[PDB]
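Student: In case you want the letters, here they are:
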Amino acid sequence: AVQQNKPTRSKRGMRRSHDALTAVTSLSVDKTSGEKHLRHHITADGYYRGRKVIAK
Amino acid sequence: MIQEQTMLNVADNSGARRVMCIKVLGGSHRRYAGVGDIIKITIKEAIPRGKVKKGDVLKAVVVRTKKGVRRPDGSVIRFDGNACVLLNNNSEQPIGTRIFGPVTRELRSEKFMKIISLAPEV
Amino acid sequence: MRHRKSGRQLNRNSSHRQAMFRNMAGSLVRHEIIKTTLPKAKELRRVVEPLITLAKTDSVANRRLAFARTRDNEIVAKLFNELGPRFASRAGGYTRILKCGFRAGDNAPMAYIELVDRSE
RNA sequence: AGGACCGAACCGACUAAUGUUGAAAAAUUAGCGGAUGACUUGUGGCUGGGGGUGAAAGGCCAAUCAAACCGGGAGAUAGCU
RNA sequence: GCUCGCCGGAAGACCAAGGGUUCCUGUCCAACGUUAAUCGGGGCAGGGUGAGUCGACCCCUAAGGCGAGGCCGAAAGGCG
RNA sequence: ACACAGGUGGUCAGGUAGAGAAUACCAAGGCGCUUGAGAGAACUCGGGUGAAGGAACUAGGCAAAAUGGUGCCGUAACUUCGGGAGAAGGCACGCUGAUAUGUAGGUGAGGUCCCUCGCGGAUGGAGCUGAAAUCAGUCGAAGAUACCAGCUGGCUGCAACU
RNA sequence: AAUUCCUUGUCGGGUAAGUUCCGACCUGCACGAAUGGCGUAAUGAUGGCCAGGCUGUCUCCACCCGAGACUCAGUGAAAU
RNA sequence: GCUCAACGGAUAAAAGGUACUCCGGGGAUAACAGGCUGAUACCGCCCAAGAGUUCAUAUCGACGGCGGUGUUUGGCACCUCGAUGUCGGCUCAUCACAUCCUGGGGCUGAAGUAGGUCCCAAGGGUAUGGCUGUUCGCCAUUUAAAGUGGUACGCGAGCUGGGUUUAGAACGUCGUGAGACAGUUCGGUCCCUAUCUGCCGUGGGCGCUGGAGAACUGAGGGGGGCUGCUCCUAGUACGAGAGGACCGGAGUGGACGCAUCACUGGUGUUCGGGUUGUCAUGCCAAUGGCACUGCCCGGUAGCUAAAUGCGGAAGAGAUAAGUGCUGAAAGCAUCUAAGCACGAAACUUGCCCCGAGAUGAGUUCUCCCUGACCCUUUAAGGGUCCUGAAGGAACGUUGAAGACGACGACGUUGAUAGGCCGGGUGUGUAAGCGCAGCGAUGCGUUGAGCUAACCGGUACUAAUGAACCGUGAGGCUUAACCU
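Residue numbers (UniProt numbering), protein chains in the order written: chain Z, 2 to 57; chain D, 1 to 122; chain F, 1 to 120.
Since no wrong hints were added, every one of them can be taken at face value.
So the derived label-pair ranges between C-beta atoms look like this:
#1 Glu43/F x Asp37/D: 52 to 60 Å
#2 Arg16/Z x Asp106/F: 21 to 29 Å
#3 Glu36/Z x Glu43/F: 24 to 32 Å
#4 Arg16/Z x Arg30/F: 50 to 58 Å
#5 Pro8/Z x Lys35/F: 42 to 50 Å
#6 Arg46/F x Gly27/D: 53 to 61 Å
#7 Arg78/D x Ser14/F: 35 to 43 Å
#8 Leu25/D x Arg46/F: 58 to 66 Å
#9 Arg4/F x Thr33/Z: 44 to 52 Å
Computed far set for chain F versus chain Z, every beta-carbon distance over 10 Å:
#10 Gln9
#11 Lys40
#12 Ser59
#13 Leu79
#14 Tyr94
For the record, the hints were derived by calculation from the structure and aren't laboratory data. For each residue, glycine too, the CB sits at the ideal point set by N, CA and C.
Hey, can you work out the whole structure from these sequences and the hints?
Tutor: Okay, structure coming up:
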């Protein structure tokens, strides 16, 4: 019905061996700037596809 | 559909306005009756001068139902107002001296095949 | 599964979604740019582009539109003279979607949705 | 005219829908008898523990009742755990 | 600010009983506030409720309490 | 004990629908319930619609569904004469314009006439409010069109009812 | 019979069949006169039964719309 | 000098109730279950009075006896006082065989159709309702079987609350009484987010030895296997005679498993049309917001059974009981000893699906890459550079796939998603205009108008170049042949 023995610190690691939702994997290159961005996403500084859009 | 507790009219004479359907029988898991399927029936109001009496249990066949009959070609021939014919269990054939409604010829099993040999235009 | 359903279910009741998209599509004509979420913005093209294409046909019997579907009370005085004559001729594609990733420290897929202001 | 109908508040609690480490240690949702009468209810007062009160169930008296709580007798007594 | 929805015998509006700073608006956002926080009965500073006619006090008083002298009970206490 | 659906007395009241303090929609006024974005899975909880049979389901019509308004008709046995009674059962229902560009009932005046010329003393019946009837047309498959809003007959035991 | 041992009696009616329903039998193993007996209407948070109306309770499930469940992110309990 | 007699004298002097009980404890002590037992029991047999016209054994069986079983009736008290919740039902099967239906062989007092009835076997198959809590017993109606049994006498971290069952209470009866009846009647509570084994589906790491892409073998596993009634084969077989059958089929029904959306209805809150209430739009035409999608009616795409389709094979192999040949030991007799055959509804191959972690990891085809240097406390590590193929994945547009991953398309060498411009099914001729009409409204333009899944065209808008992973002919031993 309930826990009668505590799971091991090996079992803890067996349940954290796939824990990364993001690795994070390699970036993509721009087209008018020496800058790089996330695959199919505009940077927080506005860089994407040589357009430099909605920058701050 | 014609199932348990169904209250319906008789197609033979002397049976009166009401008889009750009390299980289909003839095999495992038998529910609902189609045209020419034999059902078990009980008599409740039958005319005193007729061959049958109240509370005596008989065999009957469905002659009218809105599921109709489609065996000949796949097109459904349908009937308004659920009705049954009363069958002899030992000597075979229907038990009345008259029959009501226009009727059908698809009732072709030899134990009731005499139905086409009566006063109707079928 | 979902049998034949091809439109996505997003967030809130279908009644709240109806009014939120009605309010966002009419207001984007005056704001020119809106900041919102990617799944929401990907379904905005389905209601804001036909609202601009509504000015493509010219008739005295076309001015009573945008009153039963996608109501807005202020575009109905300017849109037929402004975007109807040359822009609405292209019958779609007026929108740009800007995928921006995270908004802050939370999990929401942030997007900006804007209208094209010059065709050439 | 009414210890009368249908029916809210106002009184009850015959029920099902949920809850059951609850939203809540007695509640919620939807129906339902009583509904001007032996009606219902606010405020203030009086009744106390083997004592009170009850159109009466061994029911009610600060979650306990074949007898609610506290300080003291008190470190009561336990062929027993 | 706009547009949309919800309540509308209330989820609007005016008060008692009780609570005792919680109202009003200036600043911070270390700590507290099952999300952010530039906001909050939070941290911190200040401002706030004025009566001859409302109520008490004041004048009566139902139930009832307290109750001289006197009485009951060893006394305490009680009756009246 | 909790930014706890629980407990808590007085005071005021509206369009339209409604007999209503029920209930639907809404005005004045108030508020968006102090985690967010998506997926569209069984399953659990809550809702919607359903053919032809029908209580067969189940200890058992429990539960759920149907009915449900008003006017005009029609009304059993049993009975302590008071009841039973809503017995049971039937028929109808929107809209148009005309008589009257709104009839009669309620309300009621310019005017007319009188006297003690005035919170005056009569009278006529415009203005306001406005049934219902009569006649003739018209539409949907459906007119009580939404909310709101009846299961009935017939025995037996217990209990007089409140 | 709310009382019944044989007893779910016996028999007539009601069912397809009824340990139940209504009535009749007397042989009440143990009804019976205020310790109350017999008896009827409206009524009744009333036990049992017959018929109809109306019905997804069932035949037999089938499709439709939400919340929780599912995925990530936020702030993060319990018996054991 | 005490029936102080409970006698070794508890006080001179004392009975009951607890369903209102409380406390200290308990298998020292109870009902169920598992085991233990098998007197009892069920099942079969040895004996065979006597029955069966005659006749013991076709079919039965006395007076008595044995064996098998775990199996009823009843015992032991070894597992329960820190709890294996009470009877039946529904759900759900699964094992046995002393075989119920199916098969195989046989005696019959079996001439034939039926009937009576015993060995051999576990592949396939074996009813619902009434009163009643009752499964059951009784009954009604049905079977090829509704077989005889085991499963904690199969049912609660699965359900209902009717039996059982207190605290309200009554009827009958008993017990002065307080309480009492596995008598009777109304009424009377049903808690539970999973640690791991058991399971179902599904990711990631590792193995199969250069990398990559894929199709084939088949160690072994599972599925298929049943049948009522009638009609034909057949008035043929048999038998005075009446009557009346095998093989193998068909007609009509069923269990069970398996697949579809063409039929047909239903549903279909992304499509259309009508309509009640009320607020908004100045008001009206007309159209939204809310009212169970407010209400009412059709219905595409799709689901679905309330609809439609379908099934247990031949050849080859091998098998209890049974059918056996030639034949000895034991001149004969014998299926067995030497020697060798037949055969069941069962079963292996064959068919249909899985399957090389078959670590015994098998096969074969299609595709690709032909590289160096420094240091050392090194027969091994740590650094740098050249050059990365064939391919795979992420990242996207998403779906015939889906809880999440996985996986089927398509990423400009593009039809993958969305949109536009149409068509189609579906709805039903609108909002306008013209005329007629007191007007509601009708008719004509108009088969109008509207649309989502079905169908077509289209790059209109979006799926960027790259970047990333994947490396340079691929470890060890043996044999033969040519050299």
